[PDB]
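*Asks:* Here's the letter readout for the chains.
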Amino acid sequence: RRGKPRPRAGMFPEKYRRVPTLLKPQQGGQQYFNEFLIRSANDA
Amino acid sequence: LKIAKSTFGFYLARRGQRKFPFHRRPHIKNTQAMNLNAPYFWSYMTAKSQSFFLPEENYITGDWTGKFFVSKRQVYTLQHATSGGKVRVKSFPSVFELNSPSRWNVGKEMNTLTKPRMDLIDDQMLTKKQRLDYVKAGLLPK
Amino acid sequence: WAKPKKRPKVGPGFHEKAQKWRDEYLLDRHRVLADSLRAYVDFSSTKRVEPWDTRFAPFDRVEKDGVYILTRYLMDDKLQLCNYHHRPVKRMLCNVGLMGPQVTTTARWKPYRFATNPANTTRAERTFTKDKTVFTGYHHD
Amino acid sequence: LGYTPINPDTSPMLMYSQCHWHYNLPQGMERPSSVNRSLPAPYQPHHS
Amino acid sequence: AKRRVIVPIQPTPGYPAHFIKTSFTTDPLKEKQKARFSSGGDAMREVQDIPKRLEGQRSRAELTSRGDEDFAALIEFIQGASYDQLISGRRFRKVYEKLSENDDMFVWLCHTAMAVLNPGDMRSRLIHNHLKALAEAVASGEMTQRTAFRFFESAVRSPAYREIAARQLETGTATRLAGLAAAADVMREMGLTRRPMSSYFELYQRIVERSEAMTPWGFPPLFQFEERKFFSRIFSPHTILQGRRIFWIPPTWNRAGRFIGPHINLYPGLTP
Amino acid sequence: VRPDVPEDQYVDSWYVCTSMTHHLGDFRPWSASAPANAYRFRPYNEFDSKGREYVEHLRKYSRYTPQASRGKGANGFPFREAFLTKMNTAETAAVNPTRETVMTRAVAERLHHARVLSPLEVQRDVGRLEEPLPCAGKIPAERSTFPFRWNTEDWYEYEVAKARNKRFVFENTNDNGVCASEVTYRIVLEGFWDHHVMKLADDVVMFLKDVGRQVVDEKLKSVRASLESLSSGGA
Amino acid sequence: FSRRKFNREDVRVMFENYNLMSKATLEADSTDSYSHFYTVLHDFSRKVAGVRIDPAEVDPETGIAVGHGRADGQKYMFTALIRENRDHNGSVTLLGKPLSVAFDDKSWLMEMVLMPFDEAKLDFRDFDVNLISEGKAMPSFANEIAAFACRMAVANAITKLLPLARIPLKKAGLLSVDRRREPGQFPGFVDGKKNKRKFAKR
RNA sequence: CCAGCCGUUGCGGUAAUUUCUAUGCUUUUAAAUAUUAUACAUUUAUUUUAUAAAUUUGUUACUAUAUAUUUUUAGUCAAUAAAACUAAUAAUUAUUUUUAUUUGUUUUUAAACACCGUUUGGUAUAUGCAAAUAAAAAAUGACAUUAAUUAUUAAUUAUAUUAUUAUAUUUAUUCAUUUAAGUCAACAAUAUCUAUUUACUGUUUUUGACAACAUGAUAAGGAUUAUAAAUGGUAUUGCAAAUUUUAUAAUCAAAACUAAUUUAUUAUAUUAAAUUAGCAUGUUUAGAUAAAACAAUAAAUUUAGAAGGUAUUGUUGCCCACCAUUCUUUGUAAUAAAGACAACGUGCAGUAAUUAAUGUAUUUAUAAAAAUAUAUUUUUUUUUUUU
Numbered sequence: 010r011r012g013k014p015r016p017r018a019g020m021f022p023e024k025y026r027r028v029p030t031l032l033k034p035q036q037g038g039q040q041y042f043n044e045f046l047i048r049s050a051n052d053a
Numbered sequence: 030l031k032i033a034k035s036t037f038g039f040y041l042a043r044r045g046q047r048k049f050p051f052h053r054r055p056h057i058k059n060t061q062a063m064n065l066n067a068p069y070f071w072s073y074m075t076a077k078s079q080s081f082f083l084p085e086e087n088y089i090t091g092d093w094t095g096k097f098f099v100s101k102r103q104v105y106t107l108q109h110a111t112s113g114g115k116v117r118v119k120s121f122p123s124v125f126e127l128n129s130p131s132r133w134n135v136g137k138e139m140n141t142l143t144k145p146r147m148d149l150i151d152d153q154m155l156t157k158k159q160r161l162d163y164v165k166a167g168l169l170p171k
Numbered sequence: 029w030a031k032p033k034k035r036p037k038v039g040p041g042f043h044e045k046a047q048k049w050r051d052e053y054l055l056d057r058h059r060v061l062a063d064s065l066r067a068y069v070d071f072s073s074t075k076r077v078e079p080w081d082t083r084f085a086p087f088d089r090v091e092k093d094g095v096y097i098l099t100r101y102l103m104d105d106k107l108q109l110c111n112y113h114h115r116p117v118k119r120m121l122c123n124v125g126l127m128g129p130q131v132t133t134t135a136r137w138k139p140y141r142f143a144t145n146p147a148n149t150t151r152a153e154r155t156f157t158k159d160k161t162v163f164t165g166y167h168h169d
Numbered sequence: 010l011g012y013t014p015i016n017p018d019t020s021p022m023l024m025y026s027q028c029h030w031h032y033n034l035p036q037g038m039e040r041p042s043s044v045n046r047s048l049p050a051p052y053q054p055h056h057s
Numbered sequence: 021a022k023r024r025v026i027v028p029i030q031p032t033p034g035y036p037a038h039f040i041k042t043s044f045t046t047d048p049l050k051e052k053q054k055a056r057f058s059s060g061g062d063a064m065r066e067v068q069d070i071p072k073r074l075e076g077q078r079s080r081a082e083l084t085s086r087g088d089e090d091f092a093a094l095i096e097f098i099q100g101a102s103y104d105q106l107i108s109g110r111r112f113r114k115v116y117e118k119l120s121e122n123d124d125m126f127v128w129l130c131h132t133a134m135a136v137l138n139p140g141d142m143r144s145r146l147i148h149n150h151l152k153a154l155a156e157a158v159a160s161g162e163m164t165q166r167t168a169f170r171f172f173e174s175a176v177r178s179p180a181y182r183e184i185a186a187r188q189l190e191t192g193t194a195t196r197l198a199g200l201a202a203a204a205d206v207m208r209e210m211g212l213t214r215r216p217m218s219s220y221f222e223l224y225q226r227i228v229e230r231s232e233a234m235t236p237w238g239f240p241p242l243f244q245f246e247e248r256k257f258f259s260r274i275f276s277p278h279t280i281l282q283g284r285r286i287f288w289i290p291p292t293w294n295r296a297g298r299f300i301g302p303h304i305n306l307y308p309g310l311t312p
Numbered sequence: 060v061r062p063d064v065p066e067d068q069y070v071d072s073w074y075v076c077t078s079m080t081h082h083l084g085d086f087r088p089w090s091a092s093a094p095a096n097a098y099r100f101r102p103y104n105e106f107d108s109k110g111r112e113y114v115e116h117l118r119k120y121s122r123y124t125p126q127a128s129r130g131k132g133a134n135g136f137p138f139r140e141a142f143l144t145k146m147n148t149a150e151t152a153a154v155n156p157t158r159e160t161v162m163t164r165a166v167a168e169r170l171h172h173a174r175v176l177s178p179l180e181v182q183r184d185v186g187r188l189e190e191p192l193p194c195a196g197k198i199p200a201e202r203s204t205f206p207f208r209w210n211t212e213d214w215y216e217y218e219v220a221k222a223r224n225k226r227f228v229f230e231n232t233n234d235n236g237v238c239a240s241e242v243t244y245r246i247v248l249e250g251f252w253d254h255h256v257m258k259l260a261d262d263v264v265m266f267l268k269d270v271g272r273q274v275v276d277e278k279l280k281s282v283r284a285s286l287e288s289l290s291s292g293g294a
Numbered sequence: 142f143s144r145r146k147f148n149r150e151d152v153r154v155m156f157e158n159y160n161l162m163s164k165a166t167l168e169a170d171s172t173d174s175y176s177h178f179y180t181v182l183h184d185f186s187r188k189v190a191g200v201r202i203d204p205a206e207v208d209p210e211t212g213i214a215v216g217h218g219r220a221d222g223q224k225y226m227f228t229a230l231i232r233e234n235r236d237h238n239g240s241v242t243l244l245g246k247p248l249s250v251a252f253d254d255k256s257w258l259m260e261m262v263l264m265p266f267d268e269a270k271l272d273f274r275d276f277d278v279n280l281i282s283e284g285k286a287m288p289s290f291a292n293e294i295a296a297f298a299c300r301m302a303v304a305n306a307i308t309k310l311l312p313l314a315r316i317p318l319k320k321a322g323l324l325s326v327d328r329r330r331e332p333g334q335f336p337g338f339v340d341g342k343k344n345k346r347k348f349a350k351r
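Chains as they are written, first to last, in the deposited numbering: chain f, 10 to 53; chain n, 30 to 171; chain ay, 29 to 169; chain aj, 10 to 57; chain am, 21 to 248, 256 to 260, 274 to 312; chain e, 60 to 294; chain d, 142 to 191, 200 to 351.
Hints may be right or wrong, so weigh each one.
Simulated crosslink set (DSS-like; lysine-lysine; CA at most 25 Å straight-line) [unchecked claim]: (1) ay:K34 / n:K31; (2) ay:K75 / n:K158; (3) n:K58 / n:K48; (4) e:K221 / d:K246; (5) n:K34 / n:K119; (6) e:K119 / e:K131; (7) ay:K106 / ay:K75; (8) f:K13 / d:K350.
Derived by calculation from the structure, the hints in this document are not laboratory data.
Starting from the given sequences, assemble the full structure and let the hints guide the process.
*Replies:* What follows is the structure in structure tokens.
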């Protein structure tokens, strides 16, 4: 057992240090960017 | 062991409250030999079939000078209860005999007959330490 | 090492307290046996409380209708013969097969020690206060 | 390191020391042992 | 308290005498203390700072046609990107000194020229020779920089040197492009570096970087040179080995409890 | 941490927690692990490990005939998927393109004067819109072959019978093929280190390749002798 | 160079400048005693001043592209054979059953398998995708930790079929692979995963 | 750890190069032993005498409306406002204070705060007496006969908000098992030129691995060196390689708990074959308390970088007084002083050390000491150059 207090969160390593940087946050919906730049180019 | 209750205390270590695999606990401690479940009184701690032949220890292989005690796996028969002669089973401290025979004993091995953990404990066999622990327990109060 | 320290001798003359105690205990072994064996047997001859749980279907249906019909007519004498123990009735009831598979799936049944209460067990205090002198494994009554 | 001797036929620290092969080296055959065919002994059995 | 006794072990056809006198101790207290390094034949020269001295005819011709040490170091390191080897800081560190052998000397010249106001006419053979003599001393390490400096400033320059300056120099300060002309001219005369422009450069390059800090030129005399720099160039304890590490000594099993290897990619990554 | 070379060079060291090369300090670059100018250093440019794993079967099923299985063991079994979906002619009934699809195309191809193109043939390219569609842009889609939606209990029968029939290879045949033979000896070497057994399994090859070539050659010298015009021996 | 402002990519560029110069050029540069440094440091001398798209590797015969996906380290492995169902009634199937039956008609899982198609702006009604359970085969794949392994397996599959679909996918992470691994068994922890035993002080 | 040793640090802890022995061995040859005599500084030194000095003097400040919780961490208690000016500071280093003068105790509360003390009572600050650190001295203790010293300061001792990055964070808890001894050496039978060798006999002197002491040696344990493949340690855990000098203790079938270092299965369905667990139903309810950040999903109530030790592998470190034997010794003050020394009991006074310490003064007392009053740092630091 520890028997010592629990350490803080920061001293613990990063909780998801394994998931790739691309996924946090997931830049979902890249499909729409081409739709949105068009309608935006429409109004402008 | 901390308290060598026999010659095999000096050698083997408690290894903590180790969890042996089922039915592979090393010492055959049949402290549950006599636990009377009346419905299963013929199936508990007996031959799983009632058409097996009796164990070897109930029989005599060759010309014996004499056994000091017959083993505890022996099964009690009417001949056992009726002949009445001294029938001994090994137990602590020295030996146990069936002086008062009955027919309620016929058919059950001697394991189920004797009481392994005798309720009357020995304030003499246990040092002041191990007795003290019984005092706290309430098994040997004061 | 906590160097293994000896336990002292077994004490003078305790052996006589052994051969005595083990013996006359094994004599007590008879009466507790004789008592519990009777308790088991005479339990088996008595009636039990009905094993089904009336709360769940198909035993919520009123006694007049529902599976109580077949309970009352097709197998009535039988369910009294089997003495309403929760082992035979659920086997007898499954044989009639006129209720389908709704014995196990739909019909919920009383817990074990709630189903070993004998008939006329009104007070619920009863199911826990069964005698302690008898060694039966809670089949007794 | 004790009274019980080290089995030289099964110990890596021995077999893979410098005084024998290492497991990395080409591991070929060191020297062919032509014993029975250069100076052969005749068959004098004890069992008649 | 029953102190243990350990018999000293004699030399042996397996035990060289210089091994056991080092690898063993009889005193039981001195057991289990720590790892005591000791260099050997070649890497010892770098910690001792001494090349192979002129032992014999072999060693001589070993040191004649050495060639451009400045480039060979840059080849030993740059080849860290071939398949055979990986880049090693110990090889890069070797470059820094091969380039900055003569920086201990180069730092001293940025001082004597660009920190000594009114050095006198450095066009003089007298003054210029004082430098070439002292430049012979900073390089080759005959004299520490601080002592070298106090020689140049208090070098025997001129009679009534204070008064002659009082005519050309009003506030004591003086011009550097006369000095730096002679300053850069020394390492032309003294064959310091194979690269000719290294001298003029590291002089000109150290100055311009120093020309930006506040109080650019004057230095606190405590820190004017290297001394006891200005013109310059949770799990962590118990998880010290698990990361990508280079095992200058490989840890055997008896040392590392459950460590298997540094190469081992414990938690993988899908590599196409 | 260790030089970037094909991993198979390294041998997991013993008692010394590092890596060591089974080549004695020599290192073969990735070039030697492939043919000349191989994309991503593959034996063949066309697919990866998995892409060469499953295209094997899809090509191996194209030739599966009831003979290919008999006598051969687990190898004789066809692609588990291509064969089990075939066994499912319940769903196999080829659902024709829906009334909507044939409409949305007919309106497109004729009414709106616009060709419709399948995604493979769609020039997703922004620059190279002159790169052609993949050479099979018109492959026929049916319900039987692709995908592999197969029957459950049969899928058991296949996967079980595959596990038991591993041993039932009859290799001593009278064929003329890369696995035709009268006697098939298999030698199983066993060394504690991978690079040991490999370098050994390389040795015995260039050994049996010698004795095997010679010994078989003498019988070939005998066979052509046992035939010719005034060469009788089969008399 | 001494101030160490370069990266690992430059060392490769300096190095390939050294191999590339002939020993004749060395003695042609060792004359200046500076000139060869200009070459061995060519790119870096100027660097002081100043998404992959692979070739599509499809089967030209069957039009099938194969991709691989792994999650939980190895406990899940699926590969996604993908072909263009021209009749617009293509389907995605898994282990001899439509995606519904394997994933038990669960939305939050069957939707993950859909992202790679919509993320690339494509329509799955054209595409016929089967997924093969290469990893440790389990009765029901009804867990996202398996779905992502399938979501990746389909993602890599489309790229092999279509080259420039890697751009919208890689920007959204469906191609990238997790390195998360559930802790392997260990006896010390009571449950075996991350919770140690008990210890009481005297 | 006793005998003993001793010039002297120190030795003796059942492997002493330190006692005792015997023997040898060493010496530079009038022997050892015990007692005496045998040369401060002066250029800078903290505890008790100075008297080469300008002093003493000084009348200003602040109080009425009701109506009714301030001050403290904390209960006591309880009208509440206030006391400011200027002396000078002008003539030689001198000439010998030594019984003289001098160093923060101070009438008046019909005046307050302050302070000790409670229902409040006090007392509340240089008119007497009162030399006293601020060179003048010779190893600590000590009344000037005791103990052999003492004192001392720079190594070492992890959290005090500085300009790529998160602890607040559930999931758990009643757990035990061991038996009834036995090592003192080797011996082809078939198919190879024949051995009865078939049935190869020669009478007996030791005490470590043990039931006992007997050197080594690898573990458990998280706390500040990965962004393009790693979260478990050396100081050590029973059986291991030089210390022996009572002694067989080893698994075999059928076998008895006292043990800190342990997931046990909680109400649709429940014992099939080597023998395997019947009393503990009571609101998944005391106090204690257990373990995660890893292929999953919690990313912030917040971080390097200044600091001390009487200890000296260091806070489970030492120390300190009263409280007993003693012994010694006196200048005999409740209940002599001093020094020695190891018990028990009482705290826990000191090392910034649980309200910082030291000093001095007053008072208080189980005892280290505590309160008030002044200096003070051998206490650690917090830092406006006219708003």
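*Asks:* State for each hint whether it applies.
*Replies:* Status of the hints after comparison with the structure:
1. ay:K34 / n:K31: Answer holds: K34 (chain ay) to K31 (chain n) is near 9 Å, not above 25 Å.
2. ay:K75 / n:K158: At roughly 54 Å apart (the allowed maximum being 25 Å), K158 (chain n) and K75 (chain ay) break the hint.
3. n:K58 / n:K48: It holds: about 15 Å lies between the C-alpha atoms, which stays within 25 Å.
4. e:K221 / d:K246: 21 Å, holds
5. n:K34 / n:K119: Distance ~17 Å between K34 (chain n) and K119 (chain n) Cα, so the pair holds.
6. e:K119 / e:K131: Roughly 14 Å separates the two Cα atoms, so the pair holds.
7. ay:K106 / ay:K75: Satisfied, since the Cα-Cα distance of roughly 13 Å is no more than 25 Å.
8. f:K13 / d:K350: Status holds; Cα separation ~12 Å.
Of the numbered hints listed earlier, the single one contradicted by the structure is hint 2.
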